[PDB]
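Chain S is fixed; fit chains U, G, P, X, A, Y and C with the ligands onto it per the hints.
Spelled out from the first residue to the last, the chains are:
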Amino acid sequence: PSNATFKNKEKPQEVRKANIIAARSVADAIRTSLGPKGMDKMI
Amino acid sequence: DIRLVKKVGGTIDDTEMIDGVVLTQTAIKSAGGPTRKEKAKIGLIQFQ
Amino acid sequence: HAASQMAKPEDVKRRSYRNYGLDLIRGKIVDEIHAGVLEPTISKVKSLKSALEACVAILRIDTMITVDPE
Amino acid sequence: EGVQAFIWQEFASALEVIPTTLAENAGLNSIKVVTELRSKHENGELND
Amino acid sequence: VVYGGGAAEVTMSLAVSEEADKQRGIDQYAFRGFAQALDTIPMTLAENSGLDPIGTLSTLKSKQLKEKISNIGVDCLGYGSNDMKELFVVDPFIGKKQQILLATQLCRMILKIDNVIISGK
Amino acid sequence: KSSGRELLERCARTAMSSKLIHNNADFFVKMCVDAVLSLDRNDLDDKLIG
Amino acid sequence: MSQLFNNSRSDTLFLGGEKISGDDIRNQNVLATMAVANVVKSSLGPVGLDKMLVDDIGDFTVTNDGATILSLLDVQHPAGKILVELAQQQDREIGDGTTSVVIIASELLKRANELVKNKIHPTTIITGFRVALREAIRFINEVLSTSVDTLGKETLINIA
Amino acid sequence: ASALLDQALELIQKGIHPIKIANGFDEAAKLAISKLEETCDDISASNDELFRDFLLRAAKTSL
Ligand SMILES: Nc1ncnc2c1ncn2[C@@H]1O[C@H](COP(=O)(O)OP(=O)(O)O)[C@@H](O)[C@H]1O
Ligand SMILES: Nc1ncnc2c1ncn2[C@@H]1O[C@H](COP(=O)(O)OP(=O)(O)O)[C@@H](O)[C@H]1O
Ligand SMILES: [Mg+2]
Ligand SMILES: [Mg+2]
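Residue numbers (the deposited numbering), protein chains in the order written: chain S, 6 to 48; chain U, 193 to 240; chain G, 481 to 550; chain P, 433 to 480; chain X, 439 to 559; chain A, 151 to 200; chain Y, 1 to 160; chain C, 126 to 188.
Hints are supplied without guarantee of correctness; some may be wrong.
Under the rule of at most 25 Å between Cα atoms (straight-line distance), these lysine-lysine pairs were calculated in the DSS-like manner [said to hold, decoys possible]:
id : chain 1 : residue 1 : chain 2 : residue 2
1  : X       : 460       : C       : 145
2  : Y       : 119       : C       : 160
3  : S       : 12        : S       : 22
4  : A       : 169       : A       : 197
5  : U       : 233       : U       : 221
6  : C       : 160       : C       : 139
7  : Y       : 110       : G       : 524
8  : C       : 155       : Y       : 19
9  : Y       : 110       : Y       : 19
10 : X       : 534       : C       : 155
11 : Y       : 119       : P       : 464
12 : X       : 550       : Y       : 119
13 : G       : 524       : Y       : 81
14 : X       : 504       : C       : 155
15 : X       : 534       : C       : 160
16 : X       : 523       : X       : 535
17 : Y       : 41        : G       : 526
18 : X       : 534       : X       : 499
19 : X       : 523       : C       : 160
20 : S       : 42        : Y       : 19
21 : C       : 160       : X       : 535
22 : X       : 523       : X       : 534
23 : X       : 535       : X       : 499
24 : S       : 22        : C       : 139
25 : P       : 472       : X       : 499
26 : A       : 169       : X       : 550
27 : X       : 460       : X       : 501
28 : X       : 506       : X       : 523
29 : A       : 169       : X       : 535
30 : Y       : 110       : G       : 526
31 : X       : 550       : Y       : 19
32 : X       : 506       : C       : 160
33 : A       : 169       : A       : 151
34 : X       : 535       : A       : 197
35 : S       : 46        : Y       : 117
36 : Y       : 51        : Y       : 41
37 : X       : 499       : C       : 160
38 : S       : 42        : P       : 464
The set of hints was computed from the structure by calculation and includes no laboratory data.
Isolated chain S (complex conformation):
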């Protein structure tokens, strides 16, 4: 309702979303290197 706390801040949840996508990006880079069917990565 109108008496609810708005909390004044949407920047924290946006920064957490930017970190989760950045963390899932590199996690999905090495997803195909797991198990006997994994593949090598030459850097």
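Relative to chain S, chains U, G, P, X, A, Y and C with the ligands alone:
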């Protein structure tokens, strides 16, 4: 306490167990010393 | 070569085929024993193994990552 | 029952990422692999 | 006409969910994804109005499964009653229908893209 | 000795695969089949289907 | 064969060069192998003919060996450096078949890449080669021939 | 539309073809609109006086 010696050349099947310690270093062979000797006692020289 | 491998053990002529093949000078099939073409057995041993490990090293690569020099 | 029930539910869903990837890398149908593993585990099979 | 404001979304979400476990097949996850996708609208109204999405979503799912009356949704102005007969809110059927049709027909095109070439200006 | 109307619906169903139409093909296949049948069989034109 | 270079991605930020994945890598690795395999393909056998390489100071080197021609070809690509060092491993150990071992490896990566496009895993492909090679070495032992009834050093002459 | 895409991503990752995912939403969408049509109320039977009031109930919503 485990040792792994890196070396170029050979095949994967050539890897085998060695009952004793192996030295990564090689002999000098400047004055033409022996390369093979049986029933030898190994002494560790810690000085110059 | 196939007609040699399939053959009965007891067939001299066919077995011999197992022994010969391509000639690059005259362009016909002649015997290697009389021609003198011969190699060591060690040359083929550990050659396919090196080519096998060479194939394994590139074939297992999925993605490529490059870091620029500092 | 409470607010932490959905958190524990999603914790169990995210924990099954390992066998989903093994079916993906092996070319098998993952959704099918995880629907049969639930069926076998409910019959008392601790290891499947 | 219809009665929106989270009432049509939760009504249409549980309809496909009740049919998901009847028609398991392999597309049951698509029915569940379509169900949870419809729930984002009343949760967005609950998020903007400050109400708890847990109590709001749980109340609509539990109440609408019990009672057949399908004109209860998310009260955003903070009234004491959630029944929309008294709150004077009405929406058209052609308007609420096009939200689902143009959305589900676009996303088919969005999912079918594999090659993406963008010529820099 | 089958019917002629069902022939066009049967062959047009294959064309509506690999597109956005394949689920909505039950309604739109009747449109193009009835559309082309209105044209003259001797003089079938490609500009009248704009 | 690869065209339309991969787009710089904003969701995956790694320092240095950009990351690229998919079948383009194994296509680029095979394309890098054909860059060196076509060089040594012509200088094979008696009928084969070799080429020249200048050293940018007037000097040059007319080379028949696979180890020497690849030693001067400093390959910047990573996949090509494996075959370059293999020939340096081949000529030091055995001193023979330096051209054939590179040609065998190039043909393997050709058909191996074709098999990956045929949707079988590389682990099954590698298992197929190892069981095949274990039978090949067993077959090499069958077709051996011991030198006997030879007059003098003729077996050492004709094999040279 | 973004909600369908967000839920469709999780699925793509678990492992389903994308066109098969869209086929599930089509059967779900037609069943959803069909169920909404079943529980839909019509206001055409009322006279013009009561129908005059219904325009205010919808006009106040969008405004
Ligand atoms: N006073 C209200 N009480 C309950 N629900 C409301 C009220 N006002 C708006 N809504 C709901 O919020 C939604 C807001 O839609 P609106 O934002 O006006 O359209 P658009 O999203 O195209 O701008 C409506 O669909 C309606 O169901
Ligand atoms: N006189 C010959 N007759 C038939 N085959 C030959 C002859 N000389 C060479 N070859 C073949 O050519 C191949 C490559 O020979 P060579 O070029 O000497 O070795 P490398 O491949 O190490 O350069 C060998 O496998 C051999 O079978
Ligand atoms: Mg030679
Ligand atoms: Mg509006």
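Residue 160 of chain C paired with residue 535 of chain X [C-alpha distance capped at 25 Å]:
holds (12 Å)
Hinted pair residue 535 of chain X and residue 197 of chain A, Cα distance within 25 Å
With a Cα-Cα distance of about 35 Å, the restraint between residue 535 of chain X and residue 197 of chain A is violated, given a limit of 25 Å.
25 Å Cα cutoff - pair residue 119 of chain Y, residue 464 of chain P:
holds (20 Å)
Check the hint pairing residue 550 of chain X with residue 19 of chain Y against an upper bound of 25 Å on the C-alpha distance.
holds (24 Å)
Pair hint outcome, residue 460 of chain X versus residue 145 of chain C [Cα-Cα no greater than 25 Å]:
Answer holds: residue 460 of chain X to residue 145 of chain C is near 19 Å, not above 25 Å.
Is the hinted pair residue 22 of chain S and residue 139 of chain C satisfied, with a Cα-Cα distance of at most 25 Å?
Holds, at about 21 Å.
Holds or violated: residue 42 of chain S to residue 19 of chain Y, with C-alpha atoms at most 25 Å apart:
It holds: about 22 Å lies between the C-alpha atoms, which stays within 25 Å.
Is residue 499 of chain X within 25 Å of residue 160 of chain C, Cα to Cα?
At roughly 16 Å apart (the allowed maximum being 25 Å), residue 160 of chain C and residue 499 of chain X satisfy the hint.
Hint check: residue 523 of chain X vs residue 160 of chain C, CA-CA at most 25 Å. Holds or violated?
holds (20 Å)
Does the structure keep residue 506 of chain X and residue 523 of chain X at a Cα separation of 25 Å or less?
The given pair, whose Cα atoms are some 15 Å apart, holds under the 25 Å limit.
Need the status of pair residue 42 of chain S, residue 464 of chain P: alpha-carbon distance at most 25 Å?
holds (18 Å)
Hint check: residue 534 of chain X vs residue 155 of chain C, CA-CA at most 25 Å. Holds or violated?
Roughly 13 Å separates the two Cα atoms, so the pair holds.
Violated hints, in rising order: 2, 6, 8, 25, 33, 34; the structure is consistent with all others.
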